[PDB]
Each structure stands twice: as structure tokens, then as C-alpha cells.
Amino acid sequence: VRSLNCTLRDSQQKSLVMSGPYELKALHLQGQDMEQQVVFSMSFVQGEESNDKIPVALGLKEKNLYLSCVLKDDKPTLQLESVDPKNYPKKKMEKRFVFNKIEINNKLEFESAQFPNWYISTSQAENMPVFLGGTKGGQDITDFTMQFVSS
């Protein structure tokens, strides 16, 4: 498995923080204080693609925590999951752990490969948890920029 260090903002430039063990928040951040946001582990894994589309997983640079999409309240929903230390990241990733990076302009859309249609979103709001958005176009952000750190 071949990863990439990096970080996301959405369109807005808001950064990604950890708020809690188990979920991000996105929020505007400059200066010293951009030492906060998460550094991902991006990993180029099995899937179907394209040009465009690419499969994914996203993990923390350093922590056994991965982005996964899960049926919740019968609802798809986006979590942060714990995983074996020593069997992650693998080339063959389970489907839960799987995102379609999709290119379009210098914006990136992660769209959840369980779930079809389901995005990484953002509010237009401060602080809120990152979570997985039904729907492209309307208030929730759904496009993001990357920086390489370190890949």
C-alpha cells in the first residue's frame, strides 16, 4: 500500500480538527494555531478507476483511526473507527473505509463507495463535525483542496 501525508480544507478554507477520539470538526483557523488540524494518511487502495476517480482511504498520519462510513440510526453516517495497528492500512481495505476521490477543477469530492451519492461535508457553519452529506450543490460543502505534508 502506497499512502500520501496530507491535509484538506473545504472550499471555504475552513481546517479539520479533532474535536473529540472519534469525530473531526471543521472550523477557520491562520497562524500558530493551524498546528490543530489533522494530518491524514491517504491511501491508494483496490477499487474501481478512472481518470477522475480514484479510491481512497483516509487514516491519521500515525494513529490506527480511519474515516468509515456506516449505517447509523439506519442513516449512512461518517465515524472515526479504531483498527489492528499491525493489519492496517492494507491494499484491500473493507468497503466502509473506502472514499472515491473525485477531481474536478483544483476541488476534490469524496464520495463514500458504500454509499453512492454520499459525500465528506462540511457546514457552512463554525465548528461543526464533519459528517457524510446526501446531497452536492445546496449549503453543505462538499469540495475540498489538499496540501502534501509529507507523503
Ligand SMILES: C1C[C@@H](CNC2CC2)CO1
Second form
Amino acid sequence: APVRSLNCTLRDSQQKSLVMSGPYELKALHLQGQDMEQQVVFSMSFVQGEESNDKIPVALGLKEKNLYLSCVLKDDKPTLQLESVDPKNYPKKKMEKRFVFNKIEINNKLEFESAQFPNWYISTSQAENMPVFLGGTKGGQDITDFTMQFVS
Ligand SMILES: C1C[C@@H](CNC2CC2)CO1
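Mind sharing the form deposited with the ligand bound? What's above is the form solved without the ligand.
Below, the chain from earlier opens the complete complex, with every other chain and molecule after it.
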């Protein structure tokens, strides 16, 4: 059958929102009130992959954009990028591995581990207005925990 998707927003555990800041660039900042319309709405697809009670493979597309978060080696390091795709072919149930995150539920929070790069996580900085990035470190001024919000 089709692939199933939900619209949602994400906030880091310090409650910073994610907003598109220039061509292909997600940034995390503290947001409230009018400015909350700036936040990125994801289409979270439930994709093929290794699964357990608390570990669910997803893809993170930007709502009604042919753009996905992906994990690739850049200058020899696992990095997070926004990657464009053929809008005729996405989303799909069998997403390529660079697009797949293991959504892990621990203590009422979510972590997004790269399926491609074990123990590398979607991360934010403690500082305001810095890039969302892939981090291979868990607890060291890098926020790897998020809360999920379901939107209409
Ligand atoms: C989405 C992917 C990431 C790209 N980082 C590179 C510095 C641009 C930031 O937002």
C-alpha cells in the first residue's frame, strides 16, 4: 500500500524550535508567539527498516517540499544535509538508507539516530541560531532529545 506519513513539528529538550534559515539550512532557536509560524513542518514517513517497541524507522521530509533530511559522509565525516528528490517518486516505503532515522522513545523524549551511521543523532547546540547537525556524542552541550508535536 502507500507509505504512511504524519505532519509534525519538533522541539529540542531545551524547547528550541526549528526554522529554515537560508537555502538548505535548518536552525534551532527559542520561538514563541507570532514567529511560531516560521517553524518547519515535517512530513514524518514510517518506512521500511529494522524495528522494535521503542525504535521506529522514519524519514523526515519537509511538508509539501521534495526535501528530506539525509546522512552522508562530507569531507570524511557523517553529516546532516537537506537533500532534494524527484517529487514523483517520494515519499516511498523503501526509502534509501541515508534518509532513514531510528526514532527512539526514552523517558518521554525522542532521539533520531541515523540508520546509516549508528550512534550519530540529530543534534542542536545550546546557543541560539546555530545549525541542526549530526552528532556522534550524547551529553556534552549537544541536545539529542526532542519532543514531537502532531499538526493538522
Ligand atoms: C539542515 C541540514 C544542515 C546542513 N548543515 C550545513 C551547514 C549547512 C542544517 O540544516
